[PDB]
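Quick heads-up: it's one chain on its own, the form deposited in one PDB entry, in structure tokens.
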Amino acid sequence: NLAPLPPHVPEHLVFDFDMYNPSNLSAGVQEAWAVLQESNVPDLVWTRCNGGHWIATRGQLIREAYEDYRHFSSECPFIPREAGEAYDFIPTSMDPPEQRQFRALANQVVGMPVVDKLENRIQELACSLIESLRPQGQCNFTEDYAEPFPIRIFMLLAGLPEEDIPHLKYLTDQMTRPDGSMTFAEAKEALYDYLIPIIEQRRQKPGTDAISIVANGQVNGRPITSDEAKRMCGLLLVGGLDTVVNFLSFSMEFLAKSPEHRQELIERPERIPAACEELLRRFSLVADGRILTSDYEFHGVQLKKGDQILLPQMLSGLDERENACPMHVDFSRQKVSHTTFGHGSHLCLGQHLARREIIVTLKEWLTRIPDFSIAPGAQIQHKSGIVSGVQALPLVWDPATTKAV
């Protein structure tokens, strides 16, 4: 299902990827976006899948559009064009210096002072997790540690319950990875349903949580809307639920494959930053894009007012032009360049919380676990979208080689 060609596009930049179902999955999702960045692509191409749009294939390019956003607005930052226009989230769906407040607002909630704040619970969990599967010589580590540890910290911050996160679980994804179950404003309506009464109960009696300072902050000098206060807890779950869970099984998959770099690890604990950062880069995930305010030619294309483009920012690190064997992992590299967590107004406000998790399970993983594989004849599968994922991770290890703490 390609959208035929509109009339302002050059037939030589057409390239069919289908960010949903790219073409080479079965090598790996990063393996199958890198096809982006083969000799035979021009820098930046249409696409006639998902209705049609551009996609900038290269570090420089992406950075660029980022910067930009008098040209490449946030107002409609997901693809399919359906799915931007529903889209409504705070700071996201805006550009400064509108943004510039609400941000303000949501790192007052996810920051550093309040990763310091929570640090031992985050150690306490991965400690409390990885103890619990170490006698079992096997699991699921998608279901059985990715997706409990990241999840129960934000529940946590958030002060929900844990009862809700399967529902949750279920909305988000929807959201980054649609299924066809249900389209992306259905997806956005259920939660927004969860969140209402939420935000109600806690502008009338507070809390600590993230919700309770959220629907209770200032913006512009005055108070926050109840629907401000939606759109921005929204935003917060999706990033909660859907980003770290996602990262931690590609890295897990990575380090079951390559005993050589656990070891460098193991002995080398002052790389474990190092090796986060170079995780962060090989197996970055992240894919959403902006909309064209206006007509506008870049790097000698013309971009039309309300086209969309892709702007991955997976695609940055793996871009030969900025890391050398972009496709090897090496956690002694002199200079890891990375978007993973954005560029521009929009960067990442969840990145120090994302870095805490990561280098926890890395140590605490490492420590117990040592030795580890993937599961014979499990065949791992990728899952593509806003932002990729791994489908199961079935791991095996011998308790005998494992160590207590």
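Throughout, rigid core stands for the largest set of C-alpha atoms superposing within 1.5 Å between the two forms. Positions refer to the first chain, counted from 1. First, how it differs from the form deposited in another entry.
Among the candidates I122, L318, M155, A287, the CA atom that moves 2 angstroms or more between these two forms after core superposition belongs to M155 alone.
The Cα shift for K205 between these two forms, taken after rigid core superposition, is 2 angstroms or larger.
After superposition on the rigid core, displacement of the C-alpha of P166 between these two forms amounts to 2 Å or more. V214: CA moves 2 Å or more between these two forms after rigid-core fitting.
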Given for the second form:
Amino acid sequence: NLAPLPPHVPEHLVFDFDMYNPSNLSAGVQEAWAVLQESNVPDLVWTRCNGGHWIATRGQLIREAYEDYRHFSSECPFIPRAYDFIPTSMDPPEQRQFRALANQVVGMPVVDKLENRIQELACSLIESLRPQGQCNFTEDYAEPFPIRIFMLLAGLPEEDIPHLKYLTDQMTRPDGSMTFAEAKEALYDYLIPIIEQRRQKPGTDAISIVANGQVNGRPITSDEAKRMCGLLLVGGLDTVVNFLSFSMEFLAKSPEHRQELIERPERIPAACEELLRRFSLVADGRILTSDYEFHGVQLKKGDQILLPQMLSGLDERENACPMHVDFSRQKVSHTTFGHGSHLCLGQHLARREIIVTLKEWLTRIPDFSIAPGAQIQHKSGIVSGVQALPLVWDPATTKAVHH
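Structure of the form deposited in another entry, given the form deposited in one PDB entry:
FYI, this one's just the chain on its own, none of its partners or other molecules.
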């Protein structure tokens, strides 16, 4: 149920919100967190669920905290207090350095070069769906898409997907075959030999670049390698799947917006940016490194604070009618990719993945809707998401474009 209030918390601040299971889930997952952005609700509140933690409800305080790395540690970004990826729990000499490395394998220039093959892939995935007049978009496009793209990026064989995809599935959605420990170990088991192999040789692929990286002028350890690769892989899975989904959920609910883009495809940039704001999905936190008064509140050492990336951007103080999707919104503001020293390294890849998805989809399937009489179901978490997206469309009205 709820863990006991610690002595330093004013009752007028309590407000019990289960991030794993919010009251209004049925409304939709954002809408459900937006309860924390009602007027009567304090800017920074405390809930007793999940062990008891804080929660900043407004943009300014969120930004401010990820800016404040000295006070707000990334030792335990997850509520509740398991895992060991690089570079999340690491400080600050090494930190910037590892981030550089990765940025080297997923930065803009890399994405720019890949766009082409990314296009090809989305196109084959859509085409194989196009005739059917329906699908579970979530299972049939969104899930197969980001895994494949990592394979492209890391130059790995298509034939590894099933098993690889199995391991990452176990990390976030165990069926019970493997503990979180086991699925990670096995990930590494599969990775190590390719690292060594490619440390020897030097390729252009993502694993090669990472494998031959210096850190403190010293060569990167194998142990370090598999970890970065590790997060590069799983970091770009659920978030994209899930996000692609909200975005398809809304386009399918809205022919107007769907039209805006069929007519003027150059709007897709800002569009995509605006959906990233509207359907932000990640809810991470940090841990206090010692007592600290913050915006008029006494935080205790060891404390944990949810700092919901989802929130900024839905905060009225930062965008007007935050709940309205306007592709022509002048200033789109969000921390959908986080803030401060840990900002999302994949952020560039992600955008392109979205943008391609959207362009290559609509240019081929202009007309689609939710399957008659299905209630789309959201789930809440560190990464929020969509259970399924049953879609339908008359095939006559599609078009096949080739490569």
